[PDB]
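**Student:** Construct all of the structure, not just a fragment, from the sequences and the given hints.
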Amino acid sequence: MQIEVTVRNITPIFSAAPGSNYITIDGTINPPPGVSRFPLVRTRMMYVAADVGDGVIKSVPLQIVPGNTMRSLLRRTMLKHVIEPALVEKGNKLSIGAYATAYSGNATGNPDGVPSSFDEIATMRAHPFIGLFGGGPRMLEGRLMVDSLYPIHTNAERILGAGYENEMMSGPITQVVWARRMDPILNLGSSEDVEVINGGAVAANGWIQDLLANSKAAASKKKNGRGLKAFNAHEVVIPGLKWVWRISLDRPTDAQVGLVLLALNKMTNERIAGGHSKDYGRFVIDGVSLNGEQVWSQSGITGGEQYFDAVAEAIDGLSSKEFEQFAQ
Amino acid sequence: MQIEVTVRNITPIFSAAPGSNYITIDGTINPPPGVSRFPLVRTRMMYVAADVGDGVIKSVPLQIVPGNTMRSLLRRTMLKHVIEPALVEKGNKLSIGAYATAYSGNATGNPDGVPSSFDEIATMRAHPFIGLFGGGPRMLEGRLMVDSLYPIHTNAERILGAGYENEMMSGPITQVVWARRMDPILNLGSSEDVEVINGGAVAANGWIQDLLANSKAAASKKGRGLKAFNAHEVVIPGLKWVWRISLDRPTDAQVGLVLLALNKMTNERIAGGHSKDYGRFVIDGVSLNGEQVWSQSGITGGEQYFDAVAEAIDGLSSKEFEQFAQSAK
Amino acid sequence: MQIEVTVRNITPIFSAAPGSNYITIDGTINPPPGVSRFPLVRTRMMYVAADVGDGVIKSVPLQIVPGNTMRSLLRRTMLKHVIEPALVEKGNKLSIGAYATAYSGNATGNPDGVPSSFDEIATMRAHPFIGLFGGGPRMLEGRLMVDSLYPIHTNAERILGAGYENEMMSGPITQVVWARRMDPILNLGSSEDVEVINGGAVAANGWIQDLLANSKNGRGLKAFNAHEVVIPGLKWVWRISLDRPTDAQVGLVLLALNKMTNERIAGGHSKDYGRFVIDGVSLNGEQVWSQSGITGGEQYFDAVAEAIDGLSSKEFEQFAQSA
Amino acid sequence: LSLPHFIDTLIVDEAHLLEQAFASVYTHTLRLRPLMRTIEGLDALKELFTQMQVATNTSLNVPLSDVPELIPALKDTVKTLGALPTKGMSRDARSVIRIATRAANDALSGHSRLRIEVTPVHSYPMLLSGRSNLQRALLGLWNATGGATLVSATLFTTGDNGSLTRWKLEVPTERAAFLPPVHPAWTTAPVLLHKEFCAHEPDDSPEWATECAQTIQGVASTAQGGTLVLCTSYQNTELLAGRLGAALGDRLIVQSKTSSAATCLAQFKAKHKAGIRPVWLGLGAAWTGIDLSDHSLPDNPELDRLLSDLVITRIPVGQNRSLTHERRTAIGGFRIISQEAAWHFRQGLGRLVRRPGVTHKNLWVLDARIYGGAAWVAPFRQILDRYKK
Amino acid sequence: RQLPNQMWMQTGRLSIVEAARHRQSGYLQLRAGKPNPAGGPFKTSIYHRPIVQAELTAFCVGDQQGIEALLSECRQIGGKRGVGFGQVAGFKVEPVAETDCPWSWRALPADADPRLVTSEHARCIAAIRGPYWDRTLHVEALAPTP
DNA sequence: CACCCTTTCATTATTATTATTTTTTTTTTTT
DNA sequence: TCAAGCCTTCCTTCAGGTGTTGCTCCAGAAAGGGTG
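Note that the protein sequences, when read in sequence, are chains C, D, E, L and B. Sequence positions in the first sequence follow the entry's author numbering and run 1 to 223, 239 to 343. Sequence positions in the second sequence follow the entry's author numbering and run 1 to 222, 240 to 346. Sequence positions in the third sequence follow the entry's author numbering and run 1 to 216, 239 to 345. Sequence positions in the fourth sequence follow the entry's author numbering and run 224 to 264, 274 to 287, 292 to 625. Heads up, the fifth sequence is in the entry's author numbering, so the first residue is 75 and it goes up one at a time.
Quick list of in silico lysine-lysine cross-link-like pairs, DSS-like style, CA-CA up to 27 angstroms:
#1 C:244 to D:346
#2 E:58 to L:311
#3 D:346 to B:117
#4 D:244 to E:80
#5 C:58 to B:154
#6 D:244 to E:93
#7 B:108 to D:336
#8 D:257 to E:58
#9 D:346 to C:216
#10 C:336 to B:117
#11 B:117 to C:93
#12 C:257 to C:281
#13 B:108 to C:93
#14 B:166 to B:154
#15 D:90 to D:80
#16 D:346 to D:93
#17 C:244 to D:336
#18 C:244 to D:93
#19 E:336 to D:244
#20 D:257 to C:257
#21 C:58 to D:58
#22 B:108 to D:346
#23 D:80 to C:244
Hint data in this document are derived by calculation from the structure and do not stem from the laboratory.
**Tutor:** Laid out in structure tokens, this is it:
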């Protein structure tokens, strides 16, 4: 079954990309050598196929959140909001390797390849949390297919499909936000501001001569330490953008869909970014469609009461021995 | 904890943006080559998806103060008003690297790639100040989420929560303000004035000879002179802005410390242009997780947060900042 | 420290607006092309957010003296009036770069890309003068925050509301003032008036021949133009804030406010535009002005009086020196 | 009241027009000159005209962007039109007064757009209060429809893509059903596509008019029957009329402000009945929705020679200027302009074959952008790739 | 290839901050007081896989109806990743003549017919049947190169 | 022997990076 | 009731920004040890 979550990000979206990306102070991405450049960590973008323009397919950039970030965000909000209060109201104590299997997609319960009988495969895929992702040494296929957060954008019209043409963006969706770090010893005003420093004026002066000597030595080398004074750039996806999120479940139970629904009920407090200091990735949910039928309201989720009762009786009955038996 | 403070800027707001940006005399911004072009530092622009007209969600410019600047202002307000005043009230002192980690998160470049200890991470994230901003040579996640300061504006309806549709402005929010660097010694009106300047008349006339040589060099081309004619874009005053200060699973003392900062936000400047009084604000309200707890005197509510931060800062010491500050390598 | 000075301008205020504005014979500012339009610069303008329909907030223009204009005015009215007599009476003599840094805040447009040592920054932020304005080639941040002069208006009500409701005034505050430069060789019309000319009547008549040739890039003396002023008589306030002031610095600003009367708000000099009289000074909400001057606040005046004594130019020379 | 509250099955014939009908319904227009002639049989509406004058785009897609004297003048119009005495005032005048007050009350709310247009006869005052967004009303029709079949002659964009179609009618994606189209070979079989064209680009210039008109003279000399030459504007068709008048004489029909499509079509049957070979400088409704198959020979379409030559003088870009299409273009961009031009050109090319069995049909495209190396005319080539030789 | 062969990066790490708060709250029982990003449960791992947007054409002998019934459920291909890759826009099966179809382009046993062995086939260890990831079933095979 | 610390070893080497250029029509048959 | 403005000015030189600014780390796991 399918759940499509249409959200708008209250704050910008930043999911950092690999590679060495350089921007000038004006904005030119990846300059030829021989000119001053700048460190830049762009948001994650894939080259996707485009039937826009002509009937032939052209490769266009599309700035997304990766699906792994979506999967881990959904996982972590189910653990932080419903799973952990249930397991600490009972007194359950997880183990590393079972906590690592539940909270991450890792096999450190036993690094060995654990054999999995088909009956135990069935009894762990029907678990309200465990069967969604799986993981661990069993390496069994989880039931939850979490897609990338795709912005409603004309470069993604092949990914988005028909029906999103209304309320659709176009053009550039990335803004290169420039950030910086200043050496705060240079910000020190007088004796009242410096009295908390051990050494005070002497220590502040010593750091100023150390930074000065390091900077002049680096500039003389230009014609290996590093100071605090930084100024860098990062591309973010623009705030207020609308995004679709596809969550397709491969033969789910009622309790698993109820767990995903209670994740969507409480995911307003979650963030989706590499900008947690800057409150990046705050979003509100505008629509949640189950099997094509919208279910989201302003006061949380209204509908799917069978899923809510199923997940209530699922999270009530868990005693974390199933997590330990899932790990080893 | 999701604090929502609505501010009113008394003076203009100026968070400058990097880039080679130009303006003509009449106001053509980023004009084409071959015309008289002037230096311009634009304020911090955030492209926001907005509902212009009917539908047509498009990336229009709103003018903001970044979350780094607002977050640093919060960092400096609780530090210079609550943390280090009550921390020099007794003999607690920090190293200069501990000062650097308390003000900028880190004490050096090239931070170490080793992780931090679990009990160490846990006791720093429960600290009244350190948990809100966790830097250091081993990266630590800060409890404080500080969003960019957004004007209550019709380009930010997809940013802003409900209930703020009233008292809400629309249209352009900027103004170009022109500062001209005027050589002061041409304002010298007598030899009575020149007595204090060196050499009497001869050094002033030498600077005029110097100006004439630089002017002839620049004109025949078409160091550097002292004439500094320029313009900077600011966000206009009187605006109501929203500022969102989130805290994921907050301690009582940490929310009390942010509350004491908001109670001591008076006579602080927001972004930049310190010489021109830019950034003076009077906060109209604070929304503590949906509830309105601002009167014009101060907070005067939520006594548990003030008691928590009071018993926190009586027990405050520097040793948490040192064990935050030393590199493991 | 909060300083809320209350001035009423005795004369029209004109702070020139950069650009190329135009006006017809009537008050139509920036006409469409085709009609005979005259060049015009306006009063420097700042948009506010104000409520037009008492509930709806809109960007509305308000005419101001800018904060940097008043900052340079405060620099001029402390430097010439108390700093220069203290420098002269002690025989202290600045350098040319030191004088430039004392006024422009920078000896050279190029700054050195170095930071200053902290003992230097602490000494010059302890300065009654350099601590206020800062500057230098190494970019010292000053202790003085100078805001723009705001007329007490409907528009400035969301700017200022600390007891300024009753004496708030409503309505437009501008006026267009015209000026024509006539060639005064077209007005002498006499032989008594032409005897002062070297060359005399033939020289004057030859100038008329050049005017005949040019009237149909040598530009003559003919000019008709206009400038927009604020009206006189209305009452303004000025915000002067201090971040971490010494008592010397705030005493220097108070001494500026005591001798602020015979100074011009920077503007149109020849028309005597900047004249104003201080109606009050709110000092952290305390009104300490009188018709004689500043009553009360004697510790600030005493501190700057000790501050003025012992003032030396060695710090002005150290502040202006680059790397 | 006139239709059932719930339609169990709805079949729409020519569905491509239907959204425009909704765009026709939700525009309420205030006609000033019939009002002024009716009141004589107020000064506030004359002041509304004088303030209406100050506001080639005159206030397009602006609901309330500029209202200096627009809303007090509208309020005075409403109060001076609604308070006139109904007793003694004529039975046909109250229709004009009521449609003017309904249009004014649609104008007053602020939920609608405002548009200005003038009549083709003279520069009369025409004002419109229309709706550029139409999701609510048509969605209120689709929950009131159980199932629907939308049948049209230009319904689909490219192959099995009809995404913009369910964007115009705001069809729900869950209830949408996209069937493969029927494009038979006999629609493209008798038609002959000619390689020659007009080398000048269409730039509304007289030199293009001369070179294009020499190509129309060539086609009309080689025509064994009627010829329809299709344009998108009045100015270029008056240029072609001034370039072909003394050249062609009585053979030509022009369309203008005083010449409607029906009059021109009737003259086309008239001088095809007389045995002469007409040419028709057609625009507007001559593109979409005219029957150029003769009804004098029903049973034998092999002798159909009423229209032996279709010539497309220019690509119809910028034809749809409605409020909903402008808003939809502002979202989509250049692609919606290109696909709407493709649909208009497909309706233009559909005038040739209206029934199977016809023979010796000629198709001409004189736009030099088509035969150029530009990529934006790429769909326009692939539809021309369905014809050969 | 409709598109150039780009690359995807993915990372894996357990959130250390929630582990610390669970260690204090008692929900986590962790004797170690330090993580390790180079190995273990809190290992941060980075890995890069090729990404292709392509038309995928295969050749086979069989019943078209059963292949349509199987491929109707085929929402993803190449990776059943559960993370969003390889989503099927569509599929199409057509019968073609015998001499056109290169069935031989497949992993084959070394004892295959001489008309079935081609030049791009080479002798290697490969699975020819069933689970192609299962290295225990891998045999000595003659297979084509992608 | 399950839970961790902390030691240890390894050989070559270079660096390129997709982004756009309308026309201005007057239809239709609602209340 | 007539008079119900004629002409001419339509801005001149300046005014060029300077410094810094280049990222940082890591994404190993088998080796011995030590402790319940």
